[PDB]
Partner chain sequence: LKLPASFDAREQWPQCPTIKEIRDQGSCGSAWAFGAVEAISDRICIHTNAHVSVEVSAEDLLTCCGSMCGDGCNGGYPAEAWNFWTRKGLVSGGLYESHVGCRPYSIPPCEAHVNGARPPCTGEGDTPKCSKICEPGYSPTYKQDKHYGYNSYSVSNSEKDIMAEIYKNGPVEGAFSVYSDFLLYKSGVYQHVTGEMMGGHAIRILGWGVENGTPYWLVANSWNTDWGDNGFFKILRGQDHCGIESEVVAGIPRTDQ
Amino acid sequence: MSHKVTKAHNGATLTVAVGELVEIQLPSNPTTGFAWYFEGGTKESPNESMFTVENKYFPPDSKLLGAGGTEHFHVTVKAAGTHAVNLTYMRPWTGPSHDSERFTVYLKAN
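Return the structure of the sequence above as one chain only, in the form solved in complex with its partner chain.
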């Protein structure tokens, strides 16, 4: 079914079938100019043929400017085998570093 992954499971291997949905949801504070991204600063999947990906932001319930919420990546796996989702919490025009918070998970088909 929907498989629910968070920051506590960075670097896990989740088993899945073709086409089940994976909510990967992580904190993201976009007001700082840092969102989560695949390599190259894009939210699209590097391989649209291995898996397909959408994301959304969810602001917080507060009027505090600079309050931060939660990003979801709704990853559907489209092919058999194992799949690293590598996201990085960074500022796209500036690019990642050793110091960027990183997130990965390994999606395994069948």
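Cool, the form solved in complex with its partner chain is there; where's the form solved without its partner chain?
Partners and other molecules have been left off, which leaves just the chain.
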């Protein structure tokens, strides 16, 4: 019953309770050296009193070499307001650029 959001929900605003966990699932292929990071370049929440985050990678069930898996970000809003979760698919030693893929979801808590 946790909200499960995927790349299709880029730009969505989800109404959520403070303390409620939201699961974001994004395609991700570690064999490229790219992964999803907060727009700033790390896996950590920009501010934990606003929302906390945990992350885990799941490889593809096919176990096929070179095949993409899925990263799961478990986000829990901790304060009322509308929180932008802004992620960017990057190689962490290069950082973002014009052609980097981005994902955003807004989490609105009362």
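Under this definition, the rigid core comprises the largest set of C-alpha atoms superposing within 1.5 Å between the forms. Residue numbers count along the first chain shown, from 1.
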* Asked: Hey, does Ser62 budge by 2 Å or more at the Cα between these two forms once the core is superposed?
  -> yes
